[PDB]
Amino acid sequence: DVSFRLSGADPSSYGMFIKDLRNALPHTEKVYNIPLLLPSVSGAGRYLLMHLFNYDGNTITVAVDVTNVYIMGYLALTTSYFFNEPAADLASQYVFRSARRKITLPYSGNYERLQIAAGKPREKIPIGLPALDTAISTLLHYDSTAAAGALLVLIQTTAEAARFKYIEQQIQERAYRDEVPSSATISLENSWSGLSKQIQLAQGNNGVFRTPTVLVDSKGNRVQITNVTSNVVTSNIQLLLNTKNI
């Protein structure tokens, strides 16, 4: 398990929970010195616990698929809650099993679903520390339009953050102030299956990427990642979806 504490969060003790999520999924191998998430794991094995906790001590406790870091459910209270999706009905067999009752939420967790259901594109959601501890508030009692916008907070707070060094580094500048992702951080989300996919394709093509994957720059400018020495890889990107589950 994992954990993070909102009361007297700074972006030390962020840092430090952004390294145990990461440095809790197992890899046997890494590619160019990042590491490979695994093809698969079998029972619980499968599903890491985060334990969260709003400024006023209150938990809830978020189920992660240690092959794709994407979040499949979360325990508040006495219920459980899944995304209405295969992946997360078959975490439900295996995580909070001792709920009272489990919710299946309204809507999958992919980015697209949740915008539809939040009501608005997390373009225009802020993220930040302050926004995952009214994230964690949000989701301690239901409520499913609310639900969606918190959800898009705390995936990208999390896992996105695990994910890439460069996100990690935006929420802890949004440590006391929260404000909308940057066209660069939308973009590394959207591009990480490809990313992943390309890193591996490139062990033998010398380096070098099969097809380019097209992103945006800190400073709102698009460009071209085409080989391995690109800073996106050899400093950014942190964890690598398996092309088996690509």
Given for the second form:
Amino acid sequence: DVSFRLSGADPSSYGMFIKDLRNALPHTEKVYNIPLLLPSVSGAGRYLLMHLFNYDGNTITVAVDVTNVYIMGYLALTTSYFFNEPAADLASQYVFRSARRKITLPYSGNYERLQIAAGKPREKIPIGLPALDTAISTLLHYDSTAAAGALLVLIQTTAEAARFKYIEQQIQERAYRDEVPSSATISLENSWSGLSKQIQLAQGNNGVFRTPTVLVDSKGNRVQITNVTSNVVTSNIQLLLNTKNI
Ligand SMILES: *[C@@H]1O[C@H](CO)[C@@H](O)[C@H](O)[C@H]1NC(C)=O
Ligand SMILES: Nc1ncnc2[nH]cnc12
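Rather than the form deposited without adenine (ADE) that you just supplied, could I have the structure of the form deposited with adenine (ADE) bound?
Let's see the whole complex now, leading with the same chain.
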């Protein structure tokens, strides 16, 4: 299991949590020096438990699929919550079995359904360490609309930060003040699968992507990523979704 405490959190302790989260994901291979997530994992071993504590020290446990970094559900006091999608229903067979009741949330876990549920796109949802503290608090008491927004915050500040060093840095910049994600952040979130696939196909194609990936950069500019010498590949992406899962 991996843990993070919002109480006394700073950029350093958050960086340590994101390092722990990455290190908990199993790999047998690096591709271009980036850990390659596994095709699959059987049984309870598929699911990492992240213990998160809000500033008052209350806790939720979040279940994450170690093959794709996907949050499937969470436990808050004695109630488990899972997304309404087959992968989460499978996860519910393995995690939080001792919960007194299990609620299936009225949406799946993808960004499009979550944003509909929350009534806003994540371009308009501030993120950062204070927003994460809020999100943990919200999830402690079931409110499906409020929960969607909290889950958008929670996904971006954990899974998306583990996937991309740039996103981890964005959150570190937001240690004491929330701010909506940069469009570069949004771009990366949306491209992880695409990048993961192209970095794997570059192997046996002399490091050249079969299909270029279009991103937005820091200054807000729309760039084409065509080969593994890109900074996005060398110094940003931290984990690769296995093409067997794409
Ligand atoms: C690869 O990417 C860079 C941009 O990052 C580009 O300028 C360069 O010409 C490309 N190299 C190859 C071999 O395609
Ligand atoms: N439930 C989830 N977990 C991790 N990353 C995601 N991106 C969109 N939905 C997600």
